[PDB]
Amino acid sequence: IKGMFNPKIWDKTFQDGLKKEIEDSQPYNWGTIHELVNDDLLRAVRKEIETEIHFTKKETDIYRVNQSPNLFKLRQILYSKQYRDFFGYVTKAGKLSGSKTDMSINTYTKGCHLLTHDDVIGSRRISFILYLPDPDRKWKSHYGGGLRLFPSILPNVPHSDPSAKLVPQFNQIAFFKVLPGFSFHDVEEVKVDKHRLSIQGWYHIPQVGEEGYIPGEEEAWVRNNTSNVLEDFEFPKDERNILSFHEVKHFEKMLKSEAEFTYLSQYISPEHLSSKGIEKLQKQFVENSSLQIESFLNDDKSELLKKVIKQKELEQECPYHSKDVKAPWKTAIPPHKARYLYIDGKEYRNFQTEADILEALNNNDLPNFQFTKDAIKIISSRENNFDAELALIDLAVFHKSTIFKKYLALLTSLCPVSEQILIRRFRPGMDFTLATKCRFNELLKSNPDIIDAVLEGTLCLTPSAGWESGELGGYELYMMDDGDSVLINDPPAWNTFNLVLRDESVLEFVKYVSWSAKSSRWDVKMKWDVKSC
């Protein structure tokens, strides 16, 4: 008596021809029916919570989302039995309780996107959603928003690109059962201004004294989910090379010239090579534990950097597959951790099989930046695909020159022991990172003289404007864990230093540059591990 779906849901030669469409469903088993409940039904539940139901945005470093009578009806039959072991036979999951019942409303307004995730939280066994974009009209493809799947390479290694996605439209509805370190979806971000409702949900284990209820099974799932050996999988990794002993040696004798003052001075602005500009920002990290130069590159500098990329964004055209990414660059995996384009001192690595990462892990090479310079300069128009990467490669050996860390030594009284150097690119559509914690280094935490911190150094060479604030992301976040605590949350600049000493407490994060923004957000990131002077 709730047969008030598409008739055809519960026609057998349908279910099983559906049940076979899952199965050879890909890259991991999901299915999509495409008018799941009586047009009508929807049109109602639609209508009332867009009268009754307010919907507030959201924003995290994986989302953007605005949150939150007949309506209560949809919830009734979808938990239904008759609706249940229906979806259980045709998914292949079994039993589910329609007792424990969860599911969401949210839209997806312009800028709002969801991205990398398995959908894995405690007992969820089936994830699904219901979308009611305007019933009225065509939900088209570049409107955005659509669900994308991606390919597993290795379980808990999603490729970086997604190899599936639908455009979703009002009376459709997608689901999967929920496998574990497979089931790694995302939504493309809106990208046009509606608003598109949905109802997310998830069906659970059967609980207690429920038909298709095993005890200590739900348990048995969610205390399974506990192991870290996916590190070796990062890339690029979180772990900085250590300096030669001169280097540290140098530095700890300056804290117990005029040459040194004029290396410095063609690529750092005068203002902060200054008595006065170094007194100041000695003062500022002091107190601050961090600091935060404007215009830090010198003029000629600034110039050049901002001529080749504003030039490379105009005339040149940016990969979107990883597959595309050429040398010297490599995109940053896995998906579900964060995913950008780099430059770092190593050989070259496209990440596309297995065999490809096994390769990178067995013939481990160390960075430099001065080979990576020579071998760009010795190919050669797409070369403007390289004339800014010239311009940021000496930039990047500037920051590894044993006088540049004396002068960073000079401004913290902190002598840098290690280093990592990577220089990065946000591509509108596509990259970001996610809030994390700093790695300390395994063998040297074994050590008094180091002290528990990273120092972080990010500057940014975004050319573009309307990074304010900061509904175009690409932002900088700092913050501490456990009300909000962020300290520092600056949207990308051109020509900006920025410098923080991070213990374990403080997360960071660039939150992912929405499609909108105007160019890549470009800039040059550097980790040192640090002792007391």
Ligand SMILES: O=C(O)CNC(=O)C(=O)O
Second form
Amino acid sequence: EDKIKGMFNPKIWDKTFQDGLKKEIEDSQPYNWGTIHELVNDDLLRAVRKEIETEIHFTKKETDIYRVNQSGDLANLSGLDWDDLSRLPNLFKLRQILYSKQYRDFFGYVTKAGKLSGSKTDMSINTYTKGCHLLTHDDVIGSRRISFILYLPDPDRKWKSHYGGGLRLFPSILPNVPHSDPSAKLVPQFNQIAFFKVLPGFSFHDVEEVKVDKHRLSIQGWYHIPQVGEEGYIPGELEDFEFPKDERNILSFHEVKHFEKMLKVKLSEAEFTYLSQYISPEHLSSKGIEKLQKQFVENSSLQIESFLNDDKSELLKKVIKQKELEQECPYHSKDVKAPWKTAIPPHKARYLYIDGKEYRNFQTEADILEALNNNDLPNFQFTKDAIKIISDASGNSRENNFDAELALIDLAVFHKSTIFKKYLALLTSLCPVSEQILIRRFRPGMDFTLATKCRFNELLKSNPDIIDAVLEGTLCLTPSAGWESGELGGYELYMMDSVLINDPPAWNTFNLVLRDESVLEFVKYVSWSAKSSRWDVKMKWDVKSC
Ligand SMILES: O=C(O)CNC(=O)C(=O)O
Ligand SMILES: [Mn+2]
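Show the form solved in complex with this ligand, please, the one above being the form deposited without this ligand.
Now the complete complex, all chains and molecules, led by this one.
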């Protein structure tokens, strides 16, 4: 109770230091946070790190939102018991002082956070190694009031920026709508502490993938609202911003009646000729269709390899490989030009896409609000029009050309066709009544989606003929190697609310799934070390039975 303050850098007890830091936090951007260098008695934090290395057993865990080496899974034996620190006397001593009344009075003062629990200790020990990463979130959970992270990388070697592993902070386009791109990045050093008041809809942050083979050791923790009466405490003393929307447009009367008349290999020579512009002969033949109809009835899932025929396989691979290798892919949302859009918000997803709508770039509230007041629909042929006219001005350089976008839009127009939707209904024996089609590109080190359910159309809920499901399709057009372990991410993951599908990115595949209310999907975050983007074509349809 006396030697506590002495286990800190004496500067934090200095009134001048305190009042100076308080203001630094008040006026910080993009939301109120702060950092202190050399927080703790160096020989202690050195003792603590030698303890963690000696005694604690880290276990990789990957989910949609992170990959991190964890020590916290209790009910795994290796799980760290904070109720038993017999062999981590210096860690015990660390927790004691971070939650001391001495430190809490300081730390609460500078952060204008009010009272902070000393009895509700809440700490965890993680390492991030090559590939590890934690996507965007605001920390808003239960009674967390202030977040803090104490860094213990190798104390005798400075952590470098190109290592990755940075604390990134996202600014607010408007509340619960953080800008896709981070506006500040903290390269952590030993005995450094990052911290912020937990703020619903604002404190969005992440941990940049660790790119090299080093060990980023941290102690994340939280200060909580006091227990009721603790040191005198008394209590009390959006889908509209998601882009793309998970919406489909109903099909014409022409289209639907076709799929009905058919279901109540009945395609013409002509229709088969159309379908074979794009689809491999192997999936147009009688045997090949019975083979797929059977699969679908059994699994309510198709996973087709070599979907497209070789003419279109060679074409797409070429133009996709050309763009990968000879053009500057944009790595900030401001840089994305027509026909591409950046999916937002980053605590839900981040990827590049073509939706055939008029061009949006969302840097401001007014950008989001201008689009909401002016909802507009896809038109791919007009999108092609727009591109050629831009692509004539500049000149179709090895570096500036739109060949990929044009081949892919052509592929989307195929899949938009009446006839494909006939072929589809033939495969599945379902009548599509709606569609949404997207071209998606997931960039190394930036793009991901997160585990979500399908979204039923509210207007068609009361319809007995429409299946309480969503038919979802994914044509993957990723031409690079090394995805196969999951290690690079990019994989399409279908699981239940146990895993239905787990397909790393591959070339010219087509997955097809009928999702009921409860199925979760996500494309995993793509590693910085991936050798290309994941390219694909996402297709969603409401369906009805015939
Ligand atoms: O280690 C870091 O810098 C960030 N950690 C977190 O944001 C978290 O654990 O929720
Ligand atoms: Mn966090």
